[PDB]
Every structure is written in structure tokens, then in C-alpha cells.
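Participant: Single-letter residue listing:
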Amino acid sequence: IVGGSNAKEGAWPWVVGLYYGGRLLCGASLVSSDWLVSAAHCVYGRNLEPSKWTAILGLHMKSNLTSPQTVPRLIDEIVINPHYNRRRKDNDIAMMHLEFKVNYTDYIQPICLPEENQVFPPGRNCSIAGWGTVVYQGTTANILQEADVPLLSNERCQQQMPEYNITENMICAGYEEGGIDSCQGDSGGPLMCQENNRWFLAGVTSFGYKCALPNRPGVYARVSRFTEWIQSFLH
Amino acid sequence: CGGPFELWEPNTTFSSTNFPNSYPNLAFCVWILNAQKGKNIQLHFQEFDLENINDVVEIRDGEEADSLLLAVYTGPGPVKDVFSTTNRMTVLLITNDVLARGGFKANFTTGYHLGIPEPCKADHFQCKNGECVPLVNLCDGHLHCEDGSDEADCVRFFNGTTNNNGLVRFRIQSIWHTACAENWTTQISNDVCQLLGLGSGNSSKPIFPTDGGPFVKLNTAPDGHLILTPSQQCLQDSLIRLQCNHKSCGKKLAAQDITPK
Ligand SMILES: *[C@@H]1O[C@H](CO)[C@@H](O)[C@H](O)[C@H]1NC(C)=O
Ligand SMILES: *[C@@H]1O[C@H](CO)[C@@H](O)[C@H](O)[C@H]1NC(C)=O
Ligand SMILES: *[C@@H]1O[C@H](CO)[C@@H](O)[C@H](O)[C@H]1NC(C)=O
Ligand SMILES: *[C@@H]1O[C@H](CO)[C@@H](O)[C@H](O)[C@H]1NC(C)=O
Ligand SMILES: *[C@@H]1O[C@H](CO)[C@@H](O)[C@H](O)[C@H]1NC(C)=O
Ligand SMILES: *[C@@H]1O[C@H](CO)[C@@H](O)[C@H](O)[C@H]1NC(C)=O
Ligand SMILES: *[C@@H]1O[C@H](CO)[C@@H](O)[C@H](O)[C@H]1NC(C)=O
Ligand SMILES: *[C@@H]1O[C@H](CO)[C@@H](O)[C@H](O)[C@H]1NC(C)=O
Ligand SMILES: *[C@@H]1O[C@H](CO)[C@@H](O)[C@H](O)[C@H]1NC(C)=O
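In the order they appear, the protein sequences are chains L and B. Whatever position you read off the first sequence (first residue = 1), add 784 for the UniProt record's numbering. Whatever position you read off the second sequence (first residue = 1), add 523 for the UniProt record's numbering.
Hints in this document: simulated from the structure, not taken from any laboratory. Among the hints, a few may not be true.
[As the list claims (entries may be wrong)] Short, incomplete list of chain L residues facing chain B, as computed with Cβ under 8 Å:
no.	residue
1	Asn790
2	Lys792
3	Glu883
4	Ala996
5	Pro998
[To be verified] Using C-beta positions, here's what the derived DEER-type ranges look like:
no.	chain 1	residue 1	chain 2	residue 2	range
6	B	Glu532	L	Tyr920	47 to 57 Å
7	B	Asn706	L	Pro934	51 to 61 Å
8	L	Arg940	B	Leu776	32 to 42 Å
9	L	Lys792	B	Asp604	17 to 27 Å
10	B	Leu718	L	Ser835	28 to 38 Å
11	L	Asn790	B	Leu776	41 to 51 Å
12	L	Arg940	B	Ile750	49 to 59 Å
13	B	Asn577	L	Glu861	19 to 29 Å
Even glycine gets a Cβ: it sits at the ideal position worked out from N, Cα and C.
Generate coordinates for the entire structure from the input sequences, incorporating the hints supplied.
Facilitator: Below, the structure written as C-alpha cells:
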């Protein structure tokens, strides 16, 4: 996130940080007591050794990991979507399993999944989160950043993104003048949209041309299409 | 980039491009492993030694332009054998522009239902992992199959307006059927809510008897396991219109304040 402010502790009890080799690389979202949902392009080529992925739940600041609210866990299974294609950047979604269960606390809560035949109308503000970068050519952010971006239509996004092929499994979000959008280092970041006092999972950060650019929105994996594929593993 | 291409049964053994010494950088090869109609592919790697995550081998099961993904292998180590499901397998080698490794070497074979073990007949239920459990783990409260398929959905809604609404359609071993509410309590209510992946039991009430199938009588027990007997002896049956709310979804329960800034 480049155009957002710091988040309050406990504001996003589902956004978790995935560390690969003592370094934050990708983000995920708590959906169950032992399962996660993240982008497949960041775990592409690392699903062979799930033990190298340590999930940090309830993370607020990247410098305070010994806090009692933080509950670290280890990954034992990484499932990449079968329809994924790194070249076309389509179906960019993957699930990661936890070794031990995590007790739901005041700072750790699972995110909600959009039900079947539930479409989000364009022009609707959906909040984002993640420990991304505050600028394109810079460094990461120690505090959990968050912002709010409005949704766009597939036709308008395809018209504004000619370098890519926006399929029906993608949902875009961003401002016309830019400035407020996610950037690199925040892969797998959720596109959280409130719906009747509930924050659904309306999108997983898939890719993007360039952040903080006018008329260059960010593309998110439409989770409403992969609802049954995610629920198949939650059982 | 311009290495080998589609092969057939007489041509199984193939290197990547220069497996004896090392593969070049920025390579993008493809080995479309064809077969006969109804014969899958079993790709066994005789040797595998590549670079880190930056160099991977993507194995697909396309059969058309809508290709799927089977496995992504990288790094040195003996990789598992990939079992296809169609008569076409696409192997993509994506390499970086530095630190070139040796390569790999694999040969495939055709057959019928390779990988998937032979399902045992004569009333033997086979879960997704292949383990056989005839009646010892057929939705009874055990975990014989390690993949969790032995506890598959033996209960679901029926004629429901929204997602979290419907009937009490159950299934003991094979046949699906509804249930009655002669001794319906909140305990079994929240039990069947949790079994369907829902929250706490809400207001549930019948309307009128309409289904004549083998209805079941749900009973409670102090040990935790539910005892149900699908007996066809009941008058003025009550079809439970199960209306149960969702689980504890992403509701911010922290002590956040109000600040429109
Ligand atoms: C972690 O949080 C505690 C809370 O008081 C603070 O004292 C400490 O300085 C923090 N550590 C870092 C590295 O920010
Ligand atoms: C979580 O809840 C279980 C069940 O009450 C309890 O045994 C356990 O101590 C709790 N904490 C952890 C870290 O599992
Ligand atoms: C979305 O948020 C922007 C500011 O970030 C605001 O100007 C706009 O009115 C909001 N849209 C809706 C529909 O609330
Ligand atoms: C996007 O892909 C679809 C599917 O092949 C194709 O029909 C369409 O013409 C493509 N659009 C662009 C702009 O490449
Ligand atoms: C196997 O490869 C040889 C060498 O190119 C070729 O002549 C032969 O036709 C191939 N066998 C097939 C395609 O079944
Ligand atoms: C690949 O070659 C090895 C070496 O003999 C062989 O054991 C294996 O069966 C081959 N894989 C096939 C035929 O799928
Ligand atoms: C469900 O709806 C179908 C639609 O015709 C009807 O035939 C059936 O009797 C209904 N079942 C119940 C239990 O209402
Ligand atoms: C409920 O259980 C009791 C247990 O004896 C039984 O007599 C009764 O017929 C059942 N049904 C109703 C509607 O009470
Ligand atoms: C049942 O659902 C309704 C829906 O608004 C809710 O108001 C009510 O509190 C729920 N009752 C219980 C017992 O959960």
C-alpha cells in the first residue's frame, strides 16, 4: 500500500504474514482454523518444502513478534490452483495448510468467503491491507498499512489494461488518478469489502502494471469464482 | 527455446536440452507427451537437478487450450512421479538468465488408470486417497482415511432459498433421506449446524409432511456421538426447515474506536 495510513491493532485479524527463510515475502488471509488463502504466483516454485513457510497470525508490527497476541504456525501443505497459469496470470490463487490449530482470539479471526451468486457492484469501496511498500522504488513498511480502493468493471479494467488479458476470474480496483493502491511485496493481499457488518474476501492480489500510477488499477483474483474450490479444503 | 517437441510411445526417453553437461539459460522448452484415446501418462524422472525457485519445471495435463497444472518441480532431489488424467501432458522448462544447472532426464509410459489404485468391489468404499473402508468410516465419526474424504458430505440442504437454508436431508450409508423433529432440541440443532459448517442453531420449524422417503429420527447422547435410525414408522412427520446462521466470520471484535480521518 502506497497511499494508506497505519492500521490499528486488531483491525484486520485475518491478514497474516508469510515468512520464507526469515523474510516476509507474501501475504495470506485466515479463512479457517488450519487453512489460508494466498496468491499462487508468490508460492510458485516453493510448494515443495512447506516447512520453510512460517505463518505469523495476528501480526501488527514487523518488529514485535514476541507479543502474546502473535501466534506463529508452520505450513505442512501448499495447494496451488490447477487452472493457474503464470504466463497468463489467471487463476492466481493458492491455499496453505497449517500444522496445528490456532485458537480464535481478539486479534485472530477468520475472514469471510463470498457465497455463490454474490456479485460485488463496481464503484464500491473495498479496504486492503498488508505489509507492502510505501512507494514503488523503496522499502517495505514496518507497521501494517491499509487503504480503501473502489471497485471497477471488467470492461473498464480491460480498456485501461491493454497489456494484459483480464479474464472473468479477475476483479480490479483502484482510483482514476491512482496514488492509493497496493504495490510489490504485498502479494496475496486480500481485497476486503464490508457487506452487512461482515468483511468478505472479494479478491486476492494477483498482479499489476505499476503502483501509484493514474488509470493503472490493480488486478485481484476473483475469489467468488473459486468459492467451492476453497470450501472443498475447509472440510 | 527451440528444443524438443511432442513425442509418442516409441520415443519416451528424452533429455531437457543438454542434460549431459548443463542446460542453457533463458530456455523455454515443451514436451507434449501424447498417448492413445483413454490412456494417461506416467512421467517418471530418472534424474532431476535444477536451480532454485527461479528455475522450475511446470507439468500440465492440458488436452486443449485450457491447460491445468499437475506439479511444479525445482531444486535438486528425487521428485515424485506425476500421473496424468488425459492422453496429453505438457512439460514446460522455465529458466532464468544466470546460474545454469545440469538438467533432468525422464521417460513416460501409457496405460489405463495409472496412479489411481484399483477400487475394491463388493461393497468397499474407496476414499480419494485410495484407502478402503466398507462401513467402518462411512460418516460415523472416525478418521480412517487420512485425507479426510471418509467424512465427506453425507448431509446437505434441500429446497433452500439462500445458502444457509434448506431441509435436513441426511444419508446414513448410501441412500439420502430427510428426518423428523419428534424430539428436536437445540443440542442436535447446533450439532447439525456445525456438521454443515454453520454457526449456532437458530429458529427452526417444520411446515407440513411432504416427503415419503426413509425419514430418520435424530437422537442425542451424552458422549457426543449422535444416534439416528431411519425407521419408516412415524405419523404427522415434521420436515425441519433448517435455518442456521453462518459461523464466526470476519467481524472486527477488537476495541477499535471511531475516527473518520
Ligand atoms: C515492542 O513493543 C513493546 C511494547 O511496549 C516496546 O516496548 C518495544 O520497544 C517494541 N519493540 C520494537 C522492536 O519495536
Ligand atoms: C486452545 O484451546 C484448547 C481447547 O480449550 C486448549 O486446550 C489450548 O490450551 C488453547 N491454546 C492453544 C495454544 O492451543
Ligand atoms: C470511497 O472512498 C473515497 C475516499 O477514499 C470517497 O471519496 C468516496 O465517496 C467513497 N465512495 C463511496 C461509495 O462511499
Ligand atoms: C483475451 O483473451 C480472450 C480469450 O482467448 C480473447 O477472446 C480476447 O480477444 C483477448 N483479448 C485481448 C485484448 O487480448
Ligand atoms: C520417434 O522418433 C523418431 C526420430 O525422430 C521418429 O522417426 C519416429 O517416427 C518417432 N516415433 C513416433 C513419432 O511414434
Ligand atoms: C523411466 O525410466 C526408468 C529407468 O528404467 C524406468 O524404471 C521407468 O519405468 C521409466 N518411466 C516410465 C516408463 O514411465
Ligand atoms: C422441492 O422442490 C421440488 C420442485 O418441484 C419438489 O418436486 C419437491 O417435492 C420439493 N421437496 C420438498 C421437500 O419440499
Ligand atoms: C420423543 O421421545 C419420547 C421418548 O420416550 C417418545 O416417547 C416420543 O414419542 C418422541 N416423540 C415426541 C413427539 O415426543
Ligand atoms: C436468527 O437469525 C436472525 C437474523 O437476523 C437474528 O436476528 C437472530 O438473532 C438469530 N437467532 C439466533 C438464536 O441466533
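Participant: Under 8 Å, Cβ to Cβ, is where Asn790(L) needs to be relative to chain B, so tell me if that hint holds or is violated.
Facilitator: At 12 Å from the nearest chain B Cβ, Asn790(L) fails the 8 Å test, so the hint is violated.
Participant: If you take the shortest Cβ to Cβ gap from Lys792(L) to chain B, is it below 8 Å?
Facilitator: holds (5 Å)
Participant: Holds or violated: 47 to 57 Å for the Cβ distance of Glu532(B) and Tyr920(L)?
Facilitator: At 52 Å between Cβs, range holds.
Participant: Is the interface hint satisfied for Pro998(L)? The criterion is a beta-carbon contact with chain B at less than 8 Å.
Facilitator: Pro998(L) check fails; min Cβ-Cβ to chain B is 25 Å, beyond 8 Å.
Participant: Is the distance from the Cβ of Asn706(B) to the Cβ of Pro934(L) consistent with 51 to 61 Å?
Facilitator: The hint (51 to 61 Å, Cβ to Cβ) holds, given that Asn706(B) and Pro934(L) are roughly 52 Å apart.
Participant: Return holds or violated for the Cβ distance of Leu718(B) and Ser835(L) against the range 28 to 38 Å.
Facilitator: holds (32 Å)
Participant: If I claimed the Cβ atoms of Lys792(L) and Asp604(B) lie 17 to 27 Å apart, would that claim hold in this structure?
Facilitator: violated (50 Å)
Participant: With chain B as the partner, please determine if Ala996(L) meets the hint condition of a C-beta pair closer than 8 Å.
Facilitator: This hint is violated: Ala996(L) lies away from chain B, its Cβ roughly 21 Å from the closest one there, beyond 8 Å.
Participant: Close enough to count: is the Cβ of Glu883(L) nearer than 8 Å to one in chain B?
Facilitator: violated (15 Å)
Participant: Quick one: are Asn577(B) and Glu861(L) within 19 to 29 Å, going by C-beta?
Facilitator: Holds, at about 23 Å.
Participant: Evaluate the given range 32 to 42 Å for the C-beta pair formed by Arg940(L) and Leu776(B).
Facilitator: With a Cβ separation near 36 Å, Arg940(L) and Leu776(B) satisfy 32 to 42 Å, so the hint holds.
Participant: Between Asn790(L) and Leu776(B), does the beta-carbon spacing fit 41 to 51 Å?
Facilitator: Violated: the Cβ-Cβ distance is about 20 Å, outside 41 to 51 Å.
In this structure, the hints that do not hold are numbers 1, 3, 4, 5, 9 and 11, in rising order.
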